[PDB]
Every structure is written in structure tokens, then in C-alpha cells.
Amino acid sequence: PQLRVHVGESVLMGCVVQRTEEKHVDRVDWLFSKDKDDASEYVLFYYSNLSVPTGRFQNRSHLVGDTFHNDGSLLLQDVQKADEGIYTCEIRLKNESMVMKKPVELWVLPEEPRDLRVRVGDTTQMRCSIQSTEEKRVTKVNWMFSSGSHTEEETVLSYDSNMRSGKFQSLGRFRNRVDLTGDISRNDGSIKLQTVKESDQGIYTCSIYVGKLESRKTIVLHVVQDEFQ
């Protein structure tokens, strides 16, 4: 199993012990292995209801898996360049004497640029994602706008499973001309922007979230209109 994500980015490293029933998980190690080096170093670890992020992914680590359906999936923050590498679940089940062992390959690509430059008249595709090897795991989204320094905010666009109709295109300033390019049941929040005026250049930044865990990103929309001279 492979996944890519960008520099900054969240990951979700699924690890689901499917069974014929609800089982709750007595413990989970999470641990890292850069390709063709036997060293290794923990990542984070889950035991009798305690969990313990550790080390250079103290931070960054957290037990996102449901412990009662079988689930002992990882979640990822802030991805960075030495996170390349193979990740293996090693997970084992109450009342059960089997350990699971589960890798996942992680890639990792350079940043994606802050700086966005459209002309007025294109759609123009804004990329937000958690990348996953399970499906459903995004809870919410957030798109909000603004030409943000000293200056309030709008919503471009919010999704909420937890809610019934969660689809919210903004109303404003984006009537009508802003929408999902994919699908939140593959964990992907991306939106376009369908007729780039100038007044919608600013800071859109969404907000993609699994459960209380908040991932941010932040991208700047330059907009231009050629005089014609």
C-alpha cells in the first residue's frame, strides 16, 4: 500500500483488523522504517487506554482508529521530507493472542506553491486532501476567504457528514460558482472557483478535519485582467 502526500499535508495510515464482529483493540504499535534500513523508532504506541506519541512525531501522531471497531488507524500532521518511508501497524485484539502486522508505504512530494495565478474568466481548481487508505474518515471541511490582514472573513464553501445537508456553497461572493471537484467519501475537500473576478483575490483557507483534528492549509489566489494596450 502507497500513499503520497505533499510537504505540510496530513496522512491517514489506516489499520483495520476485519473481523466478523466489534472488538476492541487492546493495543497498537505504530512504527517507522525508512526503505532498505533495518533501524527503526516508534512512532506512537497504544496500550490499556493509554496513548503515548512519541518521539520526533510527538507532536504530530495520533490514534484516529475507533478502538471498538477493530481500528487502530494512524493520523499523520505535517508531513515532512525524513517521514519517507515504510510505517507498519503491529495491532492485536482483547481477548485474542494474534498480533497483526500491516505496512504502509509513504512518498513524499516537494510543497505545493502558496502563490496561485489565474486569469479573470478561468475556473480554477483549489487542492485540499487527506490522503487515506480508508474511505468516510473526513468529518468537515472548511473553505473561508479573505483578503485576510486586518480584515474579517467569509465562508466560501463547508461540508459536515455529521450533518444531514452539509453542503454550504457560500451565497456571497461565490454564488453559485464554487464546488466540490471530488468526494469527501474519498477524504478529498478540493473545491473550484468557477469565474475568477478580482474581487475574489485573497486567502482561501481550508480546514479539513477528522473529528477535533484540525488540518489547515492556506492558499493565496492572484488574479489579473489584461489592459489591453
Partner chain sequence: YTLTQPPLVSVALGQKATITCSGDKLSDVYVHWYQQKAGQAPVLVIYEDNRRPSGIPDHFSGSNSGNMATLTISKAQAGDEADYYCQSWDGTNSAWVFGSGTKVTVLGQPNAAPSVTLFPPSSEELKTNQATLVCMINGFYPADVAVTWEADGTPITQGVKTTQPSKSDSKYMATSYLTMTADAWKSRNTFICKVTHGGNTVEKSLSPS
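Numbering follows the first chain given and starts at 1. Each form is matched to the other, and the largest set of C-alpha atoms that superpose within 1.5 Å is called the rigid core. Compared with the form deposited with the partner chain bound:
In the core-aligned comparison between these two forms, the C-alpha of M100 is the only one from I86, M100, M144, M126 that shifts by 2 Å or more. Once you line up the core between these two forms, the Cα of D37 ends up 2 Å or more from where it was. After superposition on the rigid core, the Cα atom of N162 is displaced by 2 Å or more between these two forms.
Once you line up the core between these two forms, the Cα of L171 ends up 2 Å or more from where it was.
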The other form holds:
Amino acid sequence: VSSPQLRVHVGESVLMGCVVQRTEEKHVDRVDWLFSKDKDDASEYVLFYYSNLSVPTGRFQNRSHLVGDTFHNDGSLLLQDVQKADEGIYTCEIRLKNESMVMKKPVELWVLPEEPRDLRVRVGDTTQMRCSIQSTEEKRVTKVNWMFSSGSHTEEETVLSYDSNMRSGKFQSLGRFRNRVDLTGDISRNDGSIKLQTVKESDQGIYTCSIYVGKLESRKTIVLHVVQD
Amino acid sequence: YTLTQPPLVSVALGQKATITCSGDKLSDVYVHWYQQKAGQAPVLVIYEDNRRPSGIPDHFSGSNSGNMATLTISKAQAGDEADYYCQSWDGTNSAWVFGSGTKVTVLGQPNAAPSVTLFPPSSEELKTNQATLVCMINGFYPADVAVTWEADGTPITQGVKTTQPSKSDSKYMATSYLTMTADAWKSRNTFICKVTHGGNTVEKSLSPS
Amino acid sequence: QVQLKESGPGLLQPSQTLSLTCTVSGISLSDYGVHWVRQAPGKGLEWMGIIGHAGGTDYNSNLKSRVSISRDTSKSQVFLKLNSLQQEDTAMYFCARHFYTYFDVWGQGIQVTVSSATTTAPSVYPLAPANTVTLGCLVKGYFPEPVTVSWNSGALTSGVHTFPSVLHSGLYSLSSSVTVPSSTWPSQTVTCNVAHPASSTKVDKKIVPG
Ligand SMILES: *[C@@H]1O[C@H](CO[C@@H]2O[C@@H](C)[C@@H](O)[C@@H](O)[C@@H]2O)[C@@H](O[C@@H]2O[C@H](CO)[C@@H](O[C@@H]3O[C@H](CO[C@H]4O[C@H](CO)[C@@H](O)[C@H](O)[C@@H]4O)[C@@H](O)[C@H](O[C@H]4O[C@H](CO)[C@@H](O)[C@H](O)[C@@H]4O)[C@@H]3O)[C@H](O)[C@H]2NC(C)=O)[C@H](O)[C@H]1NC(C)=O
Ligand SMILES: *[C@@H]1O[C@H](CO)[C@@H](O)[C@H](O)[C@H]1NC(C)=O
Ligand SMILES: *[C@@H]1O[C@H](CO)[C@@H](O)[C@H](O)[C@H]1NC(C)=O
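Return one more block: the form deposited with the partner chain bound, after the form solved without the partner chain shown previously.
Following is the full complex, with the preceding chain placed first.
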């Protein structure tokens, strides 16, 4: 009666939840994800699952992934690299082994224009470099690491590394970036956005965010311009 | 190894409460806070120094500077009355460490009178030649109660036992037990348990039954 | 419904060996590490050890080599085993999920007394009076803690009070009440549902009028 609504920028990743209460008992028989632009108009399968084999299809072939453990009645969908064309209604239908069906509220996906992708910081100031996937379901992001590389660099540098299975008291930030890099996102809410505290001329370069939902990685890239005033 | 934490912290309703958590170079590592109530599992109320899970009330907030974390309970409610442990990571040894813990008491709560309920010994119990009288006290604040027993105007001391008060959310609850014998029970006119909370003396009668 | 639930013996003699089991439901152990944390009566929370998502284990320095944590992914089951049981191994034992750098989800916990004392089952006696009516249940003379008390298997989802335990002669005693409207209790049969994990006793005692 009221569609959860989800706004994401072109190119970003969305995770669209679909869980019947997670139990240690697989009751999920089938999982179907349908896409529609409006009503009054045909739908197409993003992805359908049955008997421990999922079929990503259509334009979503390369970009759609069944992320939820279906053996735990979690049939959540992860749509990568969202286009404007993907703007519409997404509907999850799970058929239970007891033969009842569970339809989840269709979710309106509103696709916004492309992120800036070109950041301009002023020396000796703080800036933010944001990176996050958006989902109706929390705590799906299993790992986040930011890699820095000046166009010159035949090399990579860890800006900030944070993982679900950390045997540390905090995120890992190496070298130069120590003491300055800091997390502005709530990774539990699938938000890996970071903050750079006291920017120096040498910080200039390309920052790459690799944000993981299991094995599945989504990658962003931000060019940082530093300026002396 | 334990992170330093004040034993008790009081607070009136709606007042601000601040719980500190000290550790060596504590501010080079995330600090998290858990809440624990009477005989309950801990619950994460704040994490990563300065963040809050959905489901936790907005009036919780955390900070971590100068190697001293602080859990702030703005606008304190009676349902915030609990035990709070901070938590972190020792990077010398490789281990997770908790704080000593702080008991947050919430004052400014009103004086509710107790509802008493006196029960007789079950027939099922009398077979044993034992008779237990159960006088239960419910829904009172504050947690101060003295239970006294009688039998035909004669007070019974020995053979009695009264529990320590414990909280239900908006009140405290307790019970007192009087343990007679079969004959002791059935040879005395009227039993009474006298509950005392404040300048009040609630009494409830019991005769053959 | 992501849950951790612990299980095991409630009572043990010294020099025995504790072995708890934590059943992690709704998820897989293959990508989350599980903690074991205990809490001694007087004292606070004490981290015992972790079994990481990868099966690797680390422990508490003080708990050096008489603690043991393993698992079985097939059952989604993480085990604790404690050796050389002394006093103040007596504690609440919790298993908790490890998310990033904190303990996002916790178990209900399990109380484990380490005493010489033999286990004692409670005797369950009903309490009836002798508009709304208040009924009762007297769970008397058990050891050790704890002692569950439901009413109609939890059908009675209100008015149910369970009072604190008294300790006399090495035995514990507990009473529990329930209030229901006039012309319900007579008409419809209320039941008490006591359970004592320790002795493996369960008792459904219907409160007859009196
Ligand atoms: C087929 O399986 C369905 C799913 O079963 C659950 O999930 C699977 C994966 C397993 O873990 C399994 O163990 C779980 O049971 C199953 O659906 C379930 O059906 C029960 C009823 O038998 C539902 O419980 C009732 O919920 C309704 C509220 O409905 C609303 O909320 C729920 C979610 O909270 C939504 O699912 C609905 O769309 C509604 O929005 C309550 O009204 C009701 O309470 C009332 O009645 C109870 C007595 O049961 C009284 O105690 C109360 O006072 C109320 O008067 C129940 O709580 C359960 O919500 C539902 N879960 C779902 C759909 O996920 C289905 O029944 C199975 N089919 C067959 C034929 O067995
Ligand atoms: C289902 O596929 C998954 C791969 O994600 C695998 O872990 C599981 O063992 C498979 N179930 C089978 C073969 O029954
Ligand atoms: C799709 O998978 C193909 C496999 O060749 C890979 O090349 C491409 O990077 C993938 N793209 C996305 C958006 O998943």
C-alpha cells in the first residue's frame, strides 16, 4: 500500500531485501524478482531462483546477484552499476515449500544523476570521500577498503581498510594517511564513506573504493584536486 | 584487565547522565557501549565511539577523546536504569576488553504503593505435613519493604524468609514466605502478613482454607 | 530471525569439565566469528575467547589452556569447553556474534553453577485465592538456578509476574503470579509451566480452585 522508496545515483549499487524470517530451515522453494517501469505495463524477470540455482536475466544478467542465503530463507537481490533505465518498481515473490506465497512490498527505484566523481579540496582542510551501497537490508556490507594512487603511482596505497572479521580495535589506515583518514559512514548501514582531515598538496590523486557484499565487489573512483590558497 | 568506569551514576528523570570509560591510549581504538538489565543479555547501545543502532533511543550518544570515552544519556528515562559496560580492544595482547561497569540509577520516580496478595498453602503441599504461606508484594516504589508475620496477634519470626526487591520496569516487586508445619497451620485462627512501604502498613488476612 | 542460543549443564562439581554449545540460527558460521563471554555473579563481563569465521581461535591470557573453543558448521554450532572447574567458573555464559569490531548480537545466556551440592528438583505447588483474579505458582526447593515459569506455554502474554528467588538451606524458592479477568479462570483452565534445566524437570501444574 506504500512502496519503500530507494534513490541511488547512476552507476551505484542497490541491494533490495527479500527475507522471510531467517531460520536454520530452508522453506524457500522459489524466489522471483520482477521489474516494471510502471503499472499498466509489462514486467520482466531480473532474476529467478529455484532448486539451488539462480538465473540472472535480461539487462540485469551481468549486474544482478542473489546475495541472501536462500538456505536461510533470505532471497535478497543485489543490483550493481545501476542505470537510469533501471528506474522503476522491483518486486520480490517467494514461494514457500508449504506452498503459501510471500510477496514483499514493491520497491520504487529512483535513479538520480551521476555522482560528481571529481573532488576539489583546499590544502589544510578536511574533505569527505563518500562510498556506499544502499539497501533495504542492513549489515550486508562485509568489507571496505580505500586505495590511493596518484596518476604517477605505479603502485597502490591503503588509505583505509575495514572488515567484518577484524582482529583489530579499529580500521586499518597505513602510512601517510595515518591519523588523518577517518570513517564518516556507518559500515553497518552499508556506508563506507570516509573523511580526510588535514589535506596536503601531495594527497592529490585517484582514490578507489572497493566495497564488498560477500565475494561481490562494487568499485568507485574519485579524483582529488588539492589547491593552495 | 578492565577499563576504568565509575561504580554508580545517578540521574533524575529527564536529566543528563554521563558515563566515562578510561583506557591507555583508548582514543586510538573504537569504543563500544552495552546495556544490561536484571538477568538479561547485554545489548549494544553505542558502537564505534559515536554511533547508534536503530532501535536504541535517540537520546543516547557517545564520544571518545583524550583517552576517555563517554556514554551520554540525555533526557534520562526510567527504562534507562541499567548496567552499562564500555568495551574495546587491547592492542598489546590481542584481546577484546570490557569496562568495570557502571550502574545507572534513575531518580525522580514517584511513590507507588504496593499491591499485596496473600495465599494459603495448597492441599497438595499439606500432605507433606508442610504448610507454606505466600505473601507477594507487587508494584511499589521505592524498593524499601519490611514484611512481618502474625498468628492470632502473635508475631512469627523464625520460619520466615523474605526475598530482596527487584525491578519491574516502573516498580519493584517482592515476596515473603512463611513456613509452618501441617499442624502449625491448622491450629491457628487467622494469619496475617504485614507489608510496610513508607509510613504505610498493608495487611492481608487468612483463615482456614 | 538471527539468533544465538546457548545450552548445556547447569550444575557441575569441581575438577569436572564444562562444555557449552551455542546454536547460531539464521546465518552461517563461514563468514562470522563467534565470541564466548562470561559474567561472574559479583564481577562484570569477561571475554574468554573467539572462534573466527575462518575457524581460527584466540583466547584470554588468564584463561590459558583450560579453555577450548571449537565448532561444527554443518550444525551451525559453536562449542565452549572449560577445564579444571573451580569456584567462580560459576557465571552467566554468553555467546555473541562478532561484527567488525564489536558484539552486535548476543545470546540469552546460560547460568552455570559449579558446586559440590547435588541437584535438587523443585516441588510445584499451585496458589489460588481463599473484577480480576490473581493466581499463583510456588516453585519450591530447587538447586541450582535457574527456573523457568510460563503460563499456558506463553499463551498468557500479560500480567505474568515472576518474583525473585530466596535462598535457604542450599535450596532456592520462587513464586510466580498471573492476573486474569473475572469469569475467565473458572470458565477456562489456567496452567502453570515450571521448568528446571538442571535436573531436567518440567512441570505443568494446573491451578485448581481452592
Ligand atoms: C507458510 O510459511 C509461512 C512462513 O512461516 C514462517 O517463516 C518460515 C520461513 C519459517 O521460519 C516458519 O517457521 C515461520 O512460521 C507462514 O506464515 C506465517 O503464518 C503465521 C500464522 O500461522 C503468521 O503469524 C501471524 O501473524 C499475523 C500478522 O500478520 C501480519 O504480520 C506478518 C508478519 O508479522 C505478515 O506475515 C503478514 O503479512 C501481516 O502483515 C498475526 O495476526 C497473528 O497473530 C494473531 O493470531 C495469533 C495466533 O497465531 C495470536 O497469538 C495473536 O494475538 C494475533 O491475534 C500471527 O502472529 C506469521 O506472521 C506468518 N509469517 C510469514 C508470512 O512470514 C504460513 O502460515 C505458512 N503456511 C501454512 C499453510 O502453514
Ligand atoms: C547451493 O549452492 C551454494 C552456493 O552458494 C552451496 O553453498 C550449497 O552447498 C549448494 N547446495 C547444494 C549443492 O545442495
Ligand atoms: C559481468 O561479468 C562479466 C564477466 O565477463 C565481467 O566482465 C563484468 O565485469 C561484470 N560486470 C558487472 C557489472 O557485474
